[PDB]
Each structure stands twice: as C-alpha cells, then as structure tokens.
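What follows is each chain in one-letter form.
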Amino acid sequence: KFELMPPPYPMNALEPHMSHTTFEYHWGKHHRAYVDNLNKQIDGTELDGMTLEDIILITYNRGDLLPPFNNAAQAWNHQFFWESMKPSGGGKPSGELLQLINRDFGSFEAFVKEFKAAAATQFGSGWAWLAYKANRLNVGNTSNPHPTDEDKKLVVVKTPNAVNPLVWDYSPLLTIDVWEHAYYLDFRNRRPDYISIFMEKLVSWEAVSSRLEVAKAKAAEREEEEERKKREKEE
Amino acid sequence: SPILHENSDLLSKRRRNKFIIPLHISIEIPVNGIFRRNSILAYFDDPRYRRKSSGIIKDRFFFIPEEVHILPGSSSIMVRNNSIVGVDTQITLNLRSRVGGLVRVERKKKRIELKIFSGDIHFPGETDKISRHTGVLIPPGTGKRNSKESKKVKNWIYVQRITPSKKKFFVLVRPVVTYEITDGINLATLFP
Amino acid sequence: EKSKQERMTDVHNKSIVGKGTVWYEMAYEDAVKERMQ
Amino acid sequence: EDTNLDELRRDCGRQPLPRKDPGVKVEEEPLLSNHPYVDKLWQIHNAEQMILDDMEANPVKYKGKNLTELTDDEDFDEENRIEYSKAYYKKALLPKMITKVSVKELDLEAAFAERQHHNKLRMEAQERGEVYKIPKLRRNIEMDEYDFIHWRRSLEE
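Residue numbers (the UniProt record's numbering), protein chains in the order written: chain A, 48 to 282; chain B, 561 to 584, 599 to 632, 665 to 798; chain C, 579 to 615; chain D, 369 to 525.
If you are wondering where the hints come from, they were derived from the structure by calculation, not from laboratory data.
You may find that some hints are simply not true.
[Unchecked claim] Cross-link-like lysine-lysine pairs, in silico, DSS-like; alpha carbons within 25 Å at most:
| id | chain 1 | residue 1 | chain 2 | residue 2 |
| --- | --- | --- | --- | --- |
| 1 | A | 276 | C | 611 |
| 2 | A | 139 | A | 180 |
| 3 | A | 263 | A | 276 |
| 4 | D | 458 | D | 468 |
| 5 | A | 265 | A | 180 |
| 6 | C | 611 | B | 578 |
| 7 | B | 578 | C | 582 |
| 8 | B | 750 | B | 760 |
| 9 | D | 504 | B | 578 |
| 10 | A | 180 | A | 276 |
| 11 | A | 277 | C | 611 |
| 12 | C | 592 | B | 626 |
| 13 | C | 582 | C | 592 |
| 14 | C | 611 | D | 504 |
| 15 | D | 458 | B | 578 |
| 16 | A | 87 | A | 48 |
| 17 | A | 48 | A | 76 |
| 18 | D | 459 | C | 592 |
| 19 | A | 205 | A | 160 |
| 20 | A | 277 | A | 265 |
| 21 | C | 582 | D | 459 |
| 22 | D | 472 | D | 431 |
| 23 | B | 632 | B | 721 |
| 24 | B | 578 | D | 464 |
| 25 | D | 408 | B | 578 |
| 26 | C | 611 | A | 280 |
| 27 | B | 735 | B | 758 |
| 28 | C | 597 | B | 632 |
| 29 | C | 597 | B | 626 |
| 30 | D | 458 | C | 592 |
| 31 | D | 454 | B | 578 |
| 32 | B | 578 | D | 459 |
| 33 | C | 592 | B | 632 |
| 34 | D | 468 | B | 578 |
| 35 | A | 133 | A | 160 |
In isolation and in its complexed conformation, chain A is listed as follows:
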C-alpha cells in the first residue's frame, strides 16, 4: 500500500522533449506493475508498514539480496528520480552547491563533464548518482583520529540495476534512469545525446539544493546523536 504517487509535474504536457507517450509507459506501466507486485509481495508481511527506505534496506539484506529488495528499490528509485526533474528549470545551480563544487570538481562545468561520462559506465540497466558522504563506519577501528572537516565529499557513483546509495549509506541527491525504457523512445540508443539534455534542459537544480540541505541536516543530527552517546559514556 505504498504510495502510487501521481506524478509531481504536469508530466504529460509538461515537456516537448519528453513524450507524453514515453511518460505513460514509464510511469503508467512500470510503476503500476511495481506497486501491485510490491503490494502483492507485502501481503501478510511484518515488513509491511515500514517506510520505503526501511523495506529497501531490509530486503537488500546485506550480503544476500532477499526476495523483495528489487521491487522496492526501483519504486523508490523511480520517484526519487522523479524529484530530480524540473519543468524546464536548469543550469548553474548556486548556493551551498557552487561552493561545494569548486571544492571538489573545481568548476560547475567540470562536474558537468564528469557527470557526462556516466553514459559510458552503465553498460546496461542502472541508475547514476550524485551523493553525500554521511557515512557510518560499521566495524573495528571505526572512529577517525584527528577528525576534521572536508571529510564531507560530493560523490558520483554508478549503480547496476536495483541499487541506491542508501544500501551503503551515502546520502543520495540526484538520479538518472539509464535503463533503456526511459530514453529509448525519444532517441533510439542515443544515450550521449539524451544525457546532456537532461543535464541542461530539465533538472531541478533547486530540488537538489533542498536535498543537500536535508542531508546536511541529517549529518548534523547524526553528530548530535554521537555527542549524546559521548555524554552517556561520560555519565
């Protein structure tokens, strides 16, 4: 009974570049199959009633992917991907991001040309990602001596099929669907051509800024919890 969200943007008549027909297939068909299946599987599930993030984390099940992970990841992936798109808003995002970009990539342009390389990396079904480094070390000498700033990093990763950085806990910001179903119709296998267009004509740079803010907030919350743990240890 997870959300079959009506698409956030007008979607159908939203963009000339993306066909309404293509949209109908991508959302009308994939989501519906995913959601009923997700539902079907989650019938009689103790897992049912958890968050999508919880169900995804749960059935990835660490080393052994369990049966339900694939459906969920994709459902979430699809809507998260959805968030990234904008009704014709794109270019030169500025704010915390511009400052962050020159810190890592060195230019907004550099990041763009770096992100452009992803077309080549997928070699099949998958999702490319922009993410944050709020990462929990889970074992051994987990703590960092000489702990310092710039630990934070803006990272770009490639995920095959059903993978979301949450599985490895890097905070996701933006996503693209490289799975052929998404771009095949408009351009037949011209992924390079489709990519730059997405990069420029339609990505809510501001939605990504909002997400960055949310991530910074989560990192802060985590450090606060760590301080609370330290206080408990002291007491």
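Given the coordinates of chain A, work out where chains B, C and D should sit on it, guided by the hints.
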C-alpha cells in the same frame, strides 16, 4: 647509562602481539622464558599501602594497631596479666611499652606472647547489651549540628568487649585505620 | 596437566604466597584512563 | 627451472592451487592501523636520543663532540651487527639481538638542538620543584603522522 629524567614510557612501544619493555615495579621470567595463560610477570607491591604497625587490616578494610611483644620463655616480665599499663611502662628489663592499654600475656610452650591492646576503657551499663565475644566496629556517626558541645568523632573506632572476670566485663575502644580497595590505583606507565 | 596450569601456579605461588582474595583487578588501559581522569 | 607453482598455473591455464576455506567473512573485520616505517622510527627516535643523551648527560662526553657529525664506530656495518646472543644470564639465558644504527643516519644535531629547549624546560621545572614531564616529542608526533596515512588506506579500500 641512566639519566635524570627517567621516563621509560617514552622509550617503550607496544605493537600487535608484541610488547617491548625497556629493562632498567619489577618483573621475573621463568627459566624457559615461557609464559602461560593467567601468568604473573610483574609485581607492583606499593609501599604507600604498607604499614609499620603490627595490626593488620581485616570496599574498605579496618586496621587496629596492637603492640605485640614476642619474648622468650625464660624472660622476666615486669607486667601482670590483664593489667592496665600506661605509656612508657617498663614491661621488661630493656623493653618499654610504646602505647598505653590493656596488657595481655599469652604464655606458650617456648615463647612468651605479650600483647598491649591500646584503647579507652569504658564501663558499659546494664542496658548496654553489647556482644561479648563478637567485636563491633562503629563508623563516624553523623552528629546533629544543633548540639554545640557534641564532639564529632571523625575517626572510626573498634569496640572490643574484654571479660577478665566472669562477673565484671569492660569495653575497650581500640583505634582503626582505613584501607580502601576501590580508592587508590597507582601504576607506572609501561607502554606509551 | 603437563603443568599447563600447574607450572604457572608454581610461579604464581612464588609471587603471591598467601592465597589472598583479589582486592583490586584492573586492565592497563583502564588504569591509564583512571590516571587521565 | 620453475620454482613457483603459482607462476606455472598461470602459463598453463590451470586452476588455482587449493587452500583451506577460511571461516571469517572479511566483509566485516577490524581495520588495520599500524605502519611499517614506524619500526625504523621508534628504533630511530630513541637511537638519536640515546646518542645525544650520552653527550648531553656527560660533560666529558660533550667535550670533543660535534652535534652535526659523529661516528658510532669507524668500521660498523648494520648488516654485520644483526645477531642473536644467548650468553647473558643476568635475568635468564636467551637470545639478544643487536641492531646497528648508522651514525650517518641519526639526526644528531637536530636532536641536540631540541634537547636544549627541553633541558631549559626541565630547568624551569626544577625551579618549580616539580619533576619535568614531556607528553610528546616531534619524533613522537611523526609516528602518528606516518601512521596516519594508513588509516586512510584501510578506509579507502
């Protein structure tokens, strides 16, 4: 050779499954050099917890010092059994009592054991049904600040019932010392 | 036993002839922490 | 000619030589935070100090001694020095390794300069009447610094 600033911690490093200590507490090695599970290597007997008085402590321990003199069987004793002797009391020809209290003379087969239990002799009343053979230690009572002339006893006292006669019994308040297990942890840094 | 514990016990007895109850037990790291704090 | 079975397997095309399976999953295992060059350093920081201290502690040793240039021995060889000797029986008879520190290797002049500041600190502490204690030396700090890169290595991997 050695130096004025001897800090062996700055000259010893510990690694995985390897402890390097610079020889200069003390430790001993078996002849094989073998060490085993649960094997003592170092001994860290501290003189800070050591006590000169013959009385020994028995979370915290209480030590009641008692003057005990071990004299030979053929030694002439100048003190009587169960007698109260004061300070500087001549117990032998060349032995003087260091503390005043009740003198107990235990005559063994080949040794004369003279014990001087220092303490204040108090006469318990009729209602004072204190344990005759079982000595009880009294801690510092939290005296009410209202009473002005109430001298606060800051030191714990050990009350022992001395029954020299079948009909007459006395109570001796012997002193006590403090030996705390939890309080006091001193060990020289071995690895930096 | 092969003196697995017996030889060790023999060395123990030499160090600690009286079989005293252990008043204080501590890890070195714990002790260092106690000194620091 | 061939001595390595592993090299041979590769040229031929054959499967790998088998080894017993290990129970642990290294997906989770403790990180490694130790450094190879550290060994030389702990051996060196002390080594430099020990030679410097000998001159520092003794006026006769200090006299006729140059911090910049000194020789432990005219013919000493580090390779020759490595040895294992069980002769000493003072505590017990057991092997006693010998390691030669090349005089050239030791940074004696730098140590002497550092020591002075340290002894002056010691002298003020003597005026204080409280025994001088020094928490760290640059050499000790370096140990953490060379060590530091390794934590990152494990992490990255």
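Verification of the hints:
1. Restraint check for residue 276 of chain A and residue 611 of chain C: satisfied, since their Cα atoms lie roughly 18 Å apart, inside the 25 Å limit.
2. At roughly 22 Å between alpha-carbon atoms, residue 139 of chain A and residue 180 of chain A fall within 25 Å of each other, so this suggested pair holds.
3. Of the pairs offered as hints, the one joining residue 263 of chain A and residue 276 of chain A holds, with about 20 Å between alpha carbons and a cut-off of 25 Å not exceeded.
4. With a C-alpha separation of about 23 Å, the suggested pairing of residue 458 of chain D with residue 468 of chain D holds against the 25 Å cut-off.
5. Restraint check for residue 265 of chain A and residue 180 of chain A: satisfied, since their Cα atoms lie roughly 11 Å apart, inside the 25 Å limit.
6. For a cut-off of 25 Å, the pair hint linking residue 611 of chain C to residue 578 of chain B stands: about 22 Å separates their Cα positions.
7. Proximity of residue 578 of chain B to residue 582 of chain C is assessed by CA-CA distance (about 22 Å); at most 25 Å being required, the pair is judged to hold.
8. For the hint pairing residue 750 of chain B with residue 760 of chain B, the CA-to-CA distance comes to about 13 Å; that is within 25 Å, so the pair holds.
9. Distance check on the hinted pair: residue 504 of chain D and residue 578 of chain B sit about 22 Å apart at the alpha-carbon level, within 25 Å; holds.
10. Simply put, residue 180 of chain A and residue 276 of chain A have alpha-carbon atoms about 21 Å apart, close enough for the 25 Å limit, and the pair holds.
11. Under the criterion of a C-alpha separation no larger than 25 Å, the hint pairing residue 277 of chain A with residue 611 of chain C is consistent with the structure, at around 15 Å.
12. Between residue 592 of chain C and residue 626 of chain B the alpha-carbon distance is near 23 Å, which keeps this suggested pair within the 25 Å criterion.
13. Restraint check for residue 582 of chain C and residue 592 of chain C: the C-alpha separation of about 17 Å stays at or below 25 Å, so the hint holds.
14. Our distance criterion of 25 Å between C-alpha atoms is met by residue 611 of chain C and residue 504 of chain D, whose separation comes to about 18 Å.
15. Between residue 458 of chain D and residue 578 of chain B the CA atoms are separated by roughly 22 Å; this keeps the pair inside 25 Å, and the hint holds.
16. Using a Cα cut-off of 25 Å, the hinted pair residue 87 of chain A and residue 48 of chain A holds, with the two alpha carbons roughly 9 Å apart.
17. Between residue 48 of chain A and residue 76 of chain A, the direct Cα distance comes to roughly 17 Å. Compliance with the 25 Å bound is thereby established for this hinted pair.
18. Only pairs whose Cα atoms come within 25 Å are accepted, and residue 459 of chain D paired with residue 592 of chain C is accepted, the gap being roughly 16 Å.
19. Between residue 205 of chain A and residue 160 of chain A the CA atoms are separated by roughly 15 Å; this keeps the pair inside 25 Å, and the hint holds.
20. Taken as a hint, the residue 277 of chain A and residue 265 of chain A pair is honoured in the structure, with Cα atoms around 18 Å apart against an allowance of 25 Å.
21. A distance of roughly 23 Å separates the Cα atoms of residue 582 of chain C and residue 459 of chain D; the hinted pair therefore holds under the 25 Å criterion.
22. For the suggested pair residue 472 of chain D and residue 431 of chain D, the alpha carbons sit about 20 Å apart, so the restraint of at most 25 Å is met.
23. Only pairs whose Cα atoms come within 25 Å are accepted, and residue 632 of chain B paired with residue 721 of chain B is accepted, the gap being roughly 18 Å.
24. As the CA atoms of residue 578 of chain B and residue 464 of chain D are separated by approximately 16 Å, the hinted pair is consistent with the 25 Å bound.
25. Between residue 408 of chain D and residue 578 of chain B, the direct Cα distance comes to roughly 16 Å. Compliance with the 25 Å bound is thereby established for this hinted pair.
26. As the CA atoms of residue 611 of chain C and residue 280 of chain A are separated by approximately 13 Å, the hinted pair is consistent with the 25 Å bound.
27. As the CA atoms of residue 735 of chain B and residue 758 of chain B are separated by approximately 24 Å, the hinted pair is consistent with the 25 Å bound.
28. Annotation: proposed proximity of residue 597 of chain C to residue 632 of chain B holds, straight-line Cα distance about 15 Å (limit 25 Å).
29. For a cut-off of 25 Å, the pair hint linking residue 597 of chain C to residue 626 of chain B stands: about 22 Å separates their Cα positions.
30. With a CA separation close to 19 Å, the supplied pair residue 458 of chain D and residue 592 of chain C stays within the 25 Å bound.
31. The hinted pair formed by residue 454 of chain D and residue 578 of chain B meets the criterion: a straight-line CA distance of about 20 Å does not exceed 25 Å.
32. At roughly 20 Å between alpha-carbon atoms, residue 578 of chain B and residue 459 of chain D fall within 25 Å of each other, so this suggested pair holds.
33. A threshold of 25 Å between alpha carbons decides the hint, and for residue 592 of chain C with residue 632 of chain B the separation of about 23 Å falls inside it, so the pair holds.
34. For the proposed pair residue 468 of chain D and residue 578 of chain B, the alpha carbon gap of about 21 Å is at most 25 Å, so the pair holds.
35. For a cut-off of 25 Å, the pair hint linking residue 133 of chain A to residue 160 of chain A stands: about 20 Å separates their Cα positions.
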